[PDB]
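Here we start with a single chain on its own, the form deposited in one PDB entry, put down as structure tokens.
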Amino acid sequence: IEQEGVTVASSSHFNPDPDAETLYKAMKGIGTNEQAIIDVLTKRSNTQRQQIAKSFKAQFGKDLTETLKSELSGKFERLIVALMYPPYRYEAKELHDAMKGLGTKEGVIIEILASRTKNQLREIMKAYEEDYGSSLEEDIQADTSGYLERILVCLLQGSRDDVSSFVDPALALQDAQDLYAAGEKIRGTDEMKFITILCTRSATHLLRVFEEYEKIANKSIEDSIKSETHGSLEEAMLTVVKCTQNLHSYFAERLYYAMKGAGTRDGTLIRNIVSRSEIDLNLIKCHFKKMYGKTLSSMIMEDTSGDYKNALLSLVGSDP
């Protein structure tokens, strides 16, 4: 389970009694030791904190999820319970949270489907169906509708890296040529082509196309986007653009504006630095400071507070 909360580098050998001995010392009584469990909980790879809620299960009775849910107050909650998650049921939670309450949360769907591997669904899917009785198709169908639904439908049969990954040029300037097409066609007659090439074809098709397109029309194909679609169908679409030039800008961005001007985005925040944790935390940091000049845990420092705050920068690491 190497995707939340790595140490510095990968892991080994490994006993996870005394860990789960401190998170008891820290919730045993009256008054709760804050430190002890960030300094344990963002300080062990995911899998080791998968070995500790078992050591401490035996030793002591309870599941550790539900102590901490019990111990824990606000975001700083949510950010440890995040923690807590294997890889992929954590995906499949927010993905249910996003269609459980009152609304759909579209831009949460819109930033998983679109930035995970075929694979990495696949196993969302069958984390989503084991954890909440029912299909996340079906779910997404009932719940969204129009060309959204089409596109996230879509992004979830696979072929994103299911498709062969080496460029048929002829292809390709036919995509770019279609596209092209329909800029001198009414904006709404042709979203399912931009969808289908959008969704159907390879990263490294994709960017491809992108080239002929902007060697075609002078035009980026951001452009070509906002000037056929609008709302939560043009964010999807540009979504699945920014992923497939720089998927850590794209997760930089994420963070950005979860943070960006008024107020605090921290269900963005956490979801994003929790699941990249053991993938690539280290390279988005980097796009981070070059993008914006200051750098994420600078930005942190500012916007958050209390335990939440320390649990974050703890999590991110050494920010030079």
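Rigid core: the largest C-alpha set superposing within 1.5 Å between the two forms. Residue numbers count along the first chain shown, from 1. Compared with the form deposited in another entry:
For the residues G133, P169, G101, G188, superposed on the rigid core between these two forms, a C-alpha shift of 2 angstroms or more shows up only at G188. For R160, the Cα coordinates differ by 2 angstroms or more between these two forms after the core has been superposed.
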The other form holds:
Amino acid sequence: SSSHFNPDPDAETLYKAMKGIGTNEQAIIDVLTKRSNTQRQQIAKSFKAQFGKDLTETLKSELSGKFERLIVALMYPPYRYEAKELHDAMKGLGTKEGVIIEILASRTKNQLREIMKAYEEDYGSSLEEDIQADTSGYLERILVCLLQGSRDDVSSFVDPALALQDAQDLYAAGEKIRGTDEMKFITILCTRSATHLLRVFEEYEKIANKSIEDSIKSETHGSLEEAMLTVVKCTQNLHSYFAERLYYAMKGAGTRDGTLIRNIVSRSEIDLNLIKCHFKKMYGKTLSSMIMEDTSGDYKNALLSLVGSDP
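Right, the form deposited in one PDB entry is done; let's see the coordinates for the form deposited in another entry.
If you are looking for partners or other molecules, they are not here, because only the chain is given.
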């Protein structure tokens, strides 16, 4: 699709869709959900050159509700999008700790470096400093650690002696009776590579006769538990993590639309095809069927256009 692209006609379609009295929402869906993010940026530039207004600001004014949130989300470049989500998680009343955990645990070091740069450019403060001020306790420690390198950019070579020592230390940390040693869990889970951690989880099972997930579930609670389990799930299979995130955004009463939007939008050009496959395998139904059950209107139709064919 990106073999060679003139954005001008698409910009004109959007102009006609919003100009005057009445809004053609379907024409907005047909352009923005069928073009790539980079093509959208070209469309935005053409729109401003031709018509003198910023496309995103125009979209924010012309549209409302969930449909507006989704369409505007599509207009953010990668990394800047996550920076906006993280800012929104902290700037309001309360902290949306779940948003922060998801992004920090599921992104790679190099992705996080880009998100950190975008966050400082757009909001004039350091992401790490804002997290330090807005969170506390052990949650604060793991989140800061995930940003503070927490690298791997790995090999396939794991040090077997260190993997065994890490597993021994995790076991010992769980076994202390007047307070789990949370810092030992945090350091190993946040500073070791994914490949090393997979071996640690294997060794931990042999030593402890308990899965690492069940140990975390019995030894921790609340946000710290969520954060640890998220690191574990992302290490084992990232695509499966995102499927589960989407499932729980929709399961039961109501919808966590913020979570649905963010995960579909941010994964749309990376692994949404694998997420769809994993969703089917894990839950015995398609992603689209749950979206159809939980959402309505132009919002629903835009989500389904993005997801694409889902037999």
